[PDB]
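Residue strings, one per chain:
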Amino acid sequence: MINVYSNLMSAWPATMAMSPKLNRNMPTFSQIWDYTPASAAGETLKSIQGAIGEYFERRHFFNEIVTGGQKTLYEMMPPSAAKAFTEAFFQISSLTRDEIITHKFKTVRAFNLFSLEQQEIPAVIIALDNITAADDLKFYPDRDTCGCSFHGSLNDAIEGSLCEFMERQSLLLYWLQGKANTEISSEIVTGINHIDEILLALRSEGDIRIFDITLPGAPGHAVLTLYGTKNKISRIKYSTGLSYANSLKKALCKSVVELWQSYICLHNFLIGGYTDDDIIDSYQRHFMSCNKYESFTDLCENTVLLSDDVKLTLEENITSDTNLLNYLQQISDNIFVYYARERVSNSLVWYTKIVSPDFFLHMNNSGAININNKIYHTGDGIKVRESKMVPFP
Amino acid sequence: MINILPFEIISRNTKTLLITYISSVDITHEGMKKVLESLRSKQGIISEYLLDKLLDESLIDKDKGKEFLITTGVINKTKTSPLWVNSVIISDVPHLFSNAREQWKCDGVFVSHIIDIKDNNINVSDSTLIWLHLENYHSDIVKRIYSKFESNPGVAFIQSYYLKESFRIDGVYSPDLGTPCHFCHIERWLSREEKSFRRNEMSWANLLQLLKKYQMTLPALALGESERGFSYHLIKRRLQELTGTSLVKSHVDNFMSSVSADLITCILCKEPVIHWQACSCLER
Amino acid sequence: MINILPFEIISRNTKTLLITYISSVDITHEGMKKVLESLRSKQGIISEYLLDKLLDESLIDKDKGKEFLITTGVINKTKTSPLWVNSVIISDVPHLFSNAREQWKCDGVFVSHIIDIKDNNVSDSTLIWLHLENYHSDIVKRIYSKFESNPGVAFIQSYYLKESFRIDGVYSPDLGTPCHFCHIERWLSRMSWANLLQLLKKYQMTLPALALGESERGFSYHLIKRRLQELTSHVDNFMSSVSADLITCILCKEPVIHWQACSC
Amino acid sequence: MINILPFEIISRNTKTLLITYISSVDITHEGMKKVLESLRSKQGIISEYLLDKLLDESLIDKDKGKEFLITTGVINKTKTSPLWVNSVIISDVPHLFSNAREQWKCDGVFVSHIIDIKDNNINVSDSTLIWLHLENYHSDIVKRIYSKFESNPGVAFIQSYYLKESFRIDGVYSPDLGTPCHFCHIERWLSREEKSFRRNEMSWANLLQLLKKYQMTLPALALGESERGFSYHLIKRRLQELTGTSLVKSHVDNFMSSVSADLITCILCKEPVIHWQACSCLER
Amino acid sequence: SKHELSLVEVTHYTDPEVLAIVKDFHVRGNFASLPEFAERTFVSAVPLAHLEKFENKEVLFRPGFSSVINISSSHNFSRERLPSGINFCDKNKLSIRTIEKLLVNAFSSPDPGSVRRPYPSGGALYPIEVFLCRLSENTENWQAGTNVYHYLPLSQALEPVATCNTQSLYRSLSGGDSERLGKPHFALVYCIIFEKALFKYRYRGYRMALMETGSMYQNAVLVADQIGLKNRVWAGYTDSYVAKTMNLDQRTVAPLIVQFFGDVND
Amino acid sequence: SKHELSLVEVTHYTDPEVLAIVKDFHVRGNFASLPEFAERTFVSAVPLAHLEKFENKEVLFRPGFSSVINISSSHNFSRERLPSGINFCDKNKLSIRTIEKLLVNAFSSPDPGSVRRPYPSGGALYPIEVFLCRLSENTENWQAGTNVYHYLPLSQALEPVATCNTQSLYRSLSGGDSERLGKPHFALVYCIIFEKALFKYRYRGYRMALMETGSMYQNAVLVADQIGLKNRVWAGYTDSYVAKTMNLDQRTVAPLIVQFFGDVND
Ligand SMILES: Cc1cc2nc3c(=O)[nH]c(=O)nc-3n(C[C@H](O)[C@H](O)[C@H](O)COP(=O)(O)O)c2cc1C
Ligand SMILES: Cc1cc2nc3c(=O)[nH]c(=O)nc-3n(C[C@H](O)[C@H](O)[C@H](O)COP(=O)(O)O)c2cc1C
Ligand SMILES: [Cl-]
Ligand SMILES: [Cl-]
Ligand SMILES: [Cl-]
Ligand SMILES: [Cl-]
Ligand SMILES: [Cl-]
Ligand SMILES: [Zn+2]
Ligand SMILES: [Zn+2]
Ligand SMILES: [Zn+2]
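Residue numbers (PDB author numbering), protein chains in the order written: chain D, 1 to 35, 39 to 396; chain 1, 12 to 295; chain 2, 12 to 132, 135 to 203, 213 to 254, 261 to 292; chain 1', 12 to 295; chain C, 2 to 267; chain C', 2 to 267. A prime marks a further copy of an entry chain.
Calculated from the structure, these hints are not laboratory results.
We put the CB at the ideal spot given by N, CA and C, even for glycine.
Among the hints, a few may not be true.
As the list claims (entries may be wrong) - Here are the simulated SDA-like pairs of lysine to any residue, each with C-alpha atoms no more than 25 Å apart in a straight line:
#: 1; chain 1: D; residue 1: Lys49; chain 2: 1; residue 2: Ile152
#: 2; chain 1: D; residue 1: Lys295; chain 2: C; residue 2: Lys3
#: 3; chain 1: D; residue 1: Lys74; chain 2: D; residue 2: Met9
Unchecked claim - Partner residues are not named here, just some residues of chain 1' that face chain 1 (Cβ under 8 Å, in silico):
#: 4; residue: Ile128
#: 5; residue: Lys206
#: 6; residue: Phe208
#: 7; residue: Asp273
#: 8; residue: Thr276
#: 9; residue: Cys280
As the list claims (entries may be wrong) - Calculated Cβ distances over 10 Å to all of chain C' for the following chain 1 residues:
#: 10; residue: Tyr32
#: 11; residue: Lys45
#: 12; residue: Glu48
#: 13; residue: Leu50
#: 14; residue: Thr89
#: 15; residue: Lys90
#: 16; residue: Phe121
#: 17; residue: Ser123
#: 18; residue: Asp130
#: 19; residue: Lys224
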């Protein structure tokens with residue numbers, strides 16, 4: 001369905017298609033394809052909006068990043084922030100602190116999440132291509148899209164970027180230490196037909212666990228849904244989904260659909276006869292190598308619950324509706340919002356990335372990363388996991 | 012249920028004529044003229060008990076007067092309970108339906124309440140048909156009504172509104188029966204109205220539009236009393252087909268379907284519409 | 012007259028940030044926060060009476076406050092009239108349009124001059142149609158250089174990419190609509215086409231149309247006329269390219285958006 | 012038959028680029044540039060003998076140069092004889108097609124004669140495609156042409172004419188293949204243009220019209236050079252699809268069908284038309 | 002599962018102009034057929050009186066003439082197809098095994114490794130799907146509570162689809178004429194996936210799909226006769242209601258024909 | 002003849018809005034399929050490369066999951082339907098008697114006084130007609146020079162239709178792909194009389210007709226297998242050309258599907 005095609009001379013991708021489906025209670029999967040594929044799942048319109056938004060996001064952070072001169076760290080931003088970036092980059096490269104502060108980085112616009120003071124941060128952290136900050140890659144060679152978001156409203160883009168920030172920082176600290184706040188009942192019934200249908204499907208094919216892995220003390224809920232199966236007929240031996248929201252119910256429902264989306268795309272990749280030469284993205288090729296019951300069992304049997312009883316209900320509490328910015332600021336003042344905009348008709352659409360050198364700068368601790376930051380130090384968690392990248396796409 | 016159908020009984024001095032949609036009969040009885048005189052005052056419905064009592068006063072054989080009144084088209088028996096117990100009309104112009112509750116009882120149409128869109132805490136019984144009529148259209152008005160009532164048991168909706176020079180009556184949106192909603196209809200019409208020379212109304216222009224919050228209004232010409240008088244009659248007849256005294260059976264292939272009327276030419280157009288690929292009415 | 016443009020206002024611990032399409036501003040004075048709070052509610056329409064009533068209520072300084080909002084890209088003066096007095100056609104095949112000025116008057120289209128691209132020695138409020146059988150980025154840049162600064166000027170470009178006849182969206186500095194180079198960058202963002219356009223520049227040579235005959239030129243003649251007729261008016265009239273497959277004769281309209289990296 | 016396709020060969024000093032619809036190739040050979048230079052002058056068709064002679068002069072392997080020229084989209088082999096040996100254009104504006112016989116040879120389109128509708132004793136060979144183009148429409152003109160040629164072996168007709176703001180190219184009328192004639196088309200269009208809100212265009216109004224001798228004209232707007240330039244190109248491309256160098260294959264479900272073009276918006280519409288119940292083309 | 006096809010692969014070749022136009026047409030033949038509409042709708046354009054004039058007749062290519070070439074009934078080796086069951090009774094229990102014989106024989110090869118089915122399909126695309134509907138409490142069930150299943154002709158397996166109650170599913174499938182229908186044990190419902198029917202052959206794929214559906218129900222007709230089941234192909238149902246009831250997304254898939262099965266007796 | 006129905010009786014109940022709309026749709030799926038258009042047309046929207054991905058597969062109601070209810074192939078008592086014949090050879094003579102067995106068994110009762118046919122029809126209207134096309138000189142003929150006939154399923158007789166030569170009739174019916182088809186002995190052509198398909202049920206009658214057509218060709222498929230005839234249902238033909246060639250008025254009747262018959266050998 002939808003089925004918009006564009007020729008080789010177009011500004012627009014070759015295909016956008018909404019997928020047909022027999023079951024009215026299964027989610028809609030919409031997808032865009034043009035030489039990775041961007042996709043999204045859920046309610047029909049949101050599936051389309053997601054897929055368009057995901058395509059726009061990737062395009063911007065891979066092709067459209069305008070730099071703004073070439074300045075040293077202490078020249079481009081206030082001093083406390085430039086120290087924080089210096090100490091991040093010091094860990095990420097063999098290069099020394101002398102080399103790091105004399106170096107002129109390509110710059111992008113940004114504002115402080117808390118104070119709204121305007122400054123610049125290094126473009127090398129934001130742009131995913133080699134050409135934008137080519138002479139800066141020695142300092143920061145492993146880049147990703149953690150905290151990235153596209154939306155028609157700026158408050159929405161920032162809300163989105165925050166949720167993505169909290170997802171990944173939660174996920175990394177979860178990965179490294181093994182601690183989760185709580186487990187939700189794997190037999191939980193949400194009342195939402197497309198969520199319940201997915202969960203019932205999963206329990207029939209294999210086993211699920213559902214952990215709340217939110218940053219300790221933070222408001223809201225990062226919910227991580229996990230799946231495994233020994234079953235030899237099944238091609239998906241392992242899958243995962245992760246979302247953050249104020250609501251535990253929403254965060255769980257989002258998480259279950261994120262999971263189904265990874266489960267379904269890989270399943271189709273597999274049954275279609277698609278080869279290694281189709282898999283381009285680095286994090287995707289890793290996620291495919293993790294498709295085995297080991298991945299599930301390694302997570303589950305090493306998880307430590309800070310509350311051992313299983314949550315039969317999706318109720319609120321005194322922590323979960325506090326202020327996320329106050330919580331984040333107590334940990335660090337140096338959290339910056341990259342932003343950009345474009346005109347579409349008479350509207351503005353918005354790109355944002357939440358970035359902090361006092362948190363993890365990307366989610367690949369098998370690459371070059373700031374392992375020491377305000378939420379983790381070397382030797383706090385499981386030592387073997389400091390070296391290995393999480394099984395998450 | 013014995014339904015009374017439209018007839019007249021006219022007499023000057025000697026002669027007496029029954030005139031109905033089916034026939035014209037020269038009444039030579041005195042009791043039958045009495046009964047016919049009695050039935051003409053009775054508005055729409057009447058109980059088989061009361062009919063027998065009218066016949067018994069006039070000395071007519073109960074079964075042989077019922078065969079008369081049925082065959083000549085004065086009445087008909089109907090035995091099947093409807094899918095919708097009752098109806099309500101929710102509208103931004105409730106003044107336009109002030110007398111409709113009384114008047115449309117003779118058409119066999121049970122309308123419980125005329126409701127203003129401005130009201131709060133409007134409730135609806137199970138198995139009701141909600142007619143939302145709007146002179147000033149806005150999609151959010153419909154969203155509000157669906158939000159409130161979509162999960163009401165046995166519920167179904169009709170929407171009426173104006174677009175360009177046309178009066179649009181959507182097909183029946185029954186969540187139970189799985190039929191297209193308002194938004195499936197209005198998208199059929201808006202594609203049709205654009206200069207594409209193509210049925211499918213989808214470019215990257217449309218894809219970008221879908222990123223914005225779904226809200227809209229429609230262009231439509233200024234209504235007079237006559238355009239409202241036209242609209243009032245179409246609403247009644249559509250409610251009558253669905254829930255009222257049937258006068259002409261509808262085929263099963265267009266019973267639930269949309270009806271669109273050109274207010275200039277006064278031509279009707281009955282069209283069944285498909286589900287819009289982007290609409291969510293099926294997923295709910 | 013005056014159109015209230017789109018913007019956002021992030022406002023947090025005492026501080027308030029105005030971000031427009033063009034600019035970023037630390038909103039110091041609190042009455043301007045109220046001005047900008049209110050004005051966020053508008054959708055692109057106000058008489059100066061409306062705007063000055065809002066300002067004078069705020070007590071900013073009605074004269075200077077209008078200067079601030081114009082500067083920052085919050086508001087601006089929209090031309091009440093239609094935007095172009097006339098058009099002019101500049102071409103590397105101007106022989107193809109000799110009788111165009113004479114003919115097209117009947118369709119309510121007013122082309123004033125045909126111009127040869129090979130020239131040396135263009136009014137106020139002028140739409141410039143640059144039609145090129147032999148395309149080169151520098152030819153468009155050349156024309157953008159000469160007249161980019163003219164009062165009320167806009168541009169429109171047409172050229173041939175193998176089997177497709179291309180008509181870019183209208184590039185209007187005053188309206189703020191994307192240029193030719195915004196089009197080319199978004200296309201090339203996706213031996214490749216860029217590989218081809220690179221060599222052509224790198225070894226100095228234009229891109230020819232692939233074997234245009236009379237009939238193809240006739241097909242092109244008429245599209246140009248009807249496109250000029252459309253511009254004689262929602263934003264999407266301007267921010268829309270037309271693409272015409274010369275084999276199948278199918279026209280295909282597509283929306284336009286800027287490249288951030290582009291100057292225009 | 013080796014068909015030459017649209018390409019260019021361009022050089023300044025050092026570099027040489029072949030640009031075709033399929034590809035863009037950096038030519039590092041000297042003989043291949045020579046051959047490519049030779050093929051660009053050759054208008055449309057060329058004999059496998061002559062191609063081999065161009066390759067042999069340049070010292071290119073005959074089979075390994077043919078694989079080059081074929082894969083890069085400079086040429087293609089075609090092996091199947093067409094349904095129509097040749098074409099003629101009969102028109103009330105033959106001036107409009109003076110150069111068409113020469114010009115459309117590079118499009119691979121063999122048009123034997125441009126004929127004036129004013130001529131007498133116009134003959135046509137077997138298996139010809141007759142293109143009747145009319146700026147001033149009259150049904151009797153078409154009747155005359157059908158009368159003359161309907162029984163010619165292997166014959167087929169296309170008709171082009173203007174209606175309202177549109178340029179109409181009828182589907183191919185092949186008496187052998189059993190396809191709809193001109194009058195099946197024009198009746199599709201005239202029903203569509205009337206304000207009925209109904210597909211079937213039949214009342215007693217129409218029945219009475221059928222009593223009068225079938226003759227008519229059409230309303231249509233004043234054509235400029237550009238509308239003729241548009242029309243000339245559509246005619247060529249349609250003749251090229253049917254009888255010429257294929258550049259893009261057509262699906263089998265719309266190969267024979269009508270093409271209608273709005274002269275304002277320049278939008279094409281390909282529609283297969285049914286036989287008009289009243290037309291006699293099937294009975295002949 | 003071994004032979005799974007994702008519709009996302011199909012939808013890559015979909016012409017959306019074609020899809021819209023086929024669906025717009027399709028919906029003209031959908032019925033609103035319920036007991037509560039019986040006295041305010043009709044099905045037949047020809048009155049009851051005059052119907053027998055049109056039933057079980059031949060149309061001639063030479064109307065009025067009788068010069069034929071007769072062919073003997075000595076060449077016939079078949080059975081007469083049984084009268085199509087009406088007024089069904091579910092006094093008896095019916096096994097799953099009897100339903101399994103119907104599904105395996107009518108739609109699948111005897112060799113469970115094979116892909117060749119016992120009916121042909123344009124392009125070997127097989128755009129029609131068979132669903133199975135449990136309509137009686139005396140019908141035996143594979144999985145408790147589940148009254149709609151989807152049959153996988155190659156895998157030769159049932160896939161659970163719905164746990165709607167027996168009454169609702171029979172209400173939807175029987176439409177207005179359930180009184181005469183009676184109490185059948187189960188029904189097959191045949192459905193067109195539009196995008197799979199249209200993606201290769203365009204408009205002609207719809208026709209090819211609808212004819213495929215008849216090849217399927219006829220194999221069912223023939224198979225049922227041989228194992229002692231009366232049946233009836235059935236068109237009097239509200240199309241959208243059967244879809245909703247079977248949890249089908251009508252944007253993708255639609256019920257073409259319902260076919261009833263069971264006994265006729267005391 | 003005993004069971005003759007005049008279409009003039011049918012046409013009394015015809016909605017002409019319905020008729021026009023069904024025909025307008027129908028014609029979208031007609032093909033222009035000839036040898037002289039082979040290099041300038043195509044049939045498949047999916048390239049040759051990618052086709053095997055879509056052939057002989059299942060679509061799931063639960064894509065990605067495999068929790069099914071397996072049904073044994075021990076319940077199967079049928080034969081495998083033979084591969085559909087391609088590249089036909091007419092080295093052998095084929096009798097009229099063998100064609101007579103096909104027609105009688107597939108379309109008629111064993112009792113020649115009966116009206117019940119061996120496939121069902123909506124409203125017992127039977128709006129589909131079978132024509133028989135002699136395509137080889139080695140095929141035996143009932144009446145010399147006559148290569149098209151119309152089969153009367155109740156009367157159980159052939160009615161002469163056309164004396165077009167064997168070559169022309171095979172040209173029209175085989176369309177562009179005759180090379181691969183080869184030399185079959187005969188073919189059945191199934192046709193819809195539009196007004197008979199629409200007069201009672203309106204739009205839904207078209208669907209019911211097109212499904213009926215498949216029930217018919219499937220009986221042919223099954224019957225042919227049992228008497229030693231390879232066959233192939235066939236959609237690659239120019240619809241209007243087959244009609245003209247069989248002297249059909251397209252305003253009334255149209256070819257839905259062609260089905261080929263004969264031997265495959267040296
Ligand atoms: C496509 C199709 C739809 C049908 N629909 C119905 C129906 O809605 N109601 C019904 O009672 N019978 C229906 N039938 C059964 C026919 O009425 C039956 O086949 C016909 O009357 C001949 O009777 P027989 O099958 O007993 O020989 C249908 C048959 C077909 C092929
Ligand atoms: C409606 C229909 C149309 C068909 N059309 C064609 C056709 O045009 N050309 C062809 O070679 N085969 C055609 N076939 C045969 C199928 O290709 C064949 O059934 C399928 O490939 C499966 O192969 P099998 O029948 O040998 O098992 C058609 C089959 C059906 C049911
Ligand atoms: Cl939330
Ligand atoms: Cl309310
Ligand atoms: Cl003459
Ligand atoms: Cl009825
Ligand atoms: Cl093909
Ligand atoms: Zn809807
Ligand atoms: Zn630009
Ligand atoms: Zn005709």
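Hint by hint, here is what the structure shows:
The straight-line distance between the Cα atoms of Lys49 (chain D) and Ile152 (chain 1) is roughly 21 Å, inside the 25 Å bound, and the hint therefore holds. Taking the CA atoms of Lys295 (chain D) and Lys3 (chain C), the gap is about 19 Å. The hint holds against a cut of 25 Å. Restraint check: the Cα-Cα separation between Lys74 (chain D) and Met9 (chain D) comes to about 38 Å, which exceeds 25 Å; the hinted pair is violated. Taking 8 Å as the C-beta cut-off, the interface hint given for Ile128 (chain 1') is violated, the closest approach to chain 1 being about 30 Å.
About 6 Å separates the beta-carbon of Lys206 (chain 1') from the nearest beta-carbon of chain 1, less than 8 Å, and the hint is met. Checking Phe208 (chain 1') against chain 1: minimum C-beta separation of about 4 Å stays under 8 Å; hint holds. Taking 8 Å as the C-beta cut-off, the interface hint given for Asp273 (chain 1') holds, the closest approach to chain 1 being about 7 Å. Hint status for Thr276 (chain 1') relative to chain 1: holds, with the closest Cβ pair at about 6 Å, below 8 Å.
Taken as an interface hint, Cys280 (chain 1') checks out: its beta carbon lies about 5 Å from the nearest beta carbon of chain 1, inside 8 Å. The non-interface label for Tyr32 (chain 1) is consistent with chain C': the shortest C-beta to C-beta separation is roughly 22 Å, beyond 10 Å. Remark: the non-interface label on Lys45 (chain 1) is consistent with the geometry, its nearest Cβ contact in chain C' lying 42 Å away (cut-off 10 Å). The claim that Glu48 (chain 1) is not at the interface with chain C' holds, since no C-beta of that chain comes within 10 Å of its own (minimum 40 Å).
At roughly 35 Å from the closest C-beta of chain C', the C-beta of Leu50 (chain 1) stays outside 10 Å, upholding its exclusion from the interface. The beta carbon of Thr89 (chain 1) is kept farther than 10 Å from every beta carbon of chain C', the shortest such distance being approximately 25 Å. With a cut of 10 Å on Cβ distances, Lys90 (chain 1) stays outside the contact zone with chain C', its closest approach being about 25 Å. Residue-level check passed: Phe121 (chain 1) sits 31 Å from the nearest beta carbon of chain C', beyond 10 Å.
The non-interface label for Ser123 (chain 1) is consistent with chain C': the shortest C-beta to C-beta separation is roughly 35 Å, beyond 10 Å. Separation of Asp130 (chain 1) from chain C' is adequate, the least Cβ-Cβ distance of about 42 Å exceeding the 10 Å criterion. Its beta-carbon lying about 31 Å from the closest one in chain C', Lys224 (chain 1) satisfies the requirement of being farther than 10 Å from that chain.
The structure fails to meet hints 3 and 4 from the earlier list, while all remaining hints are met.
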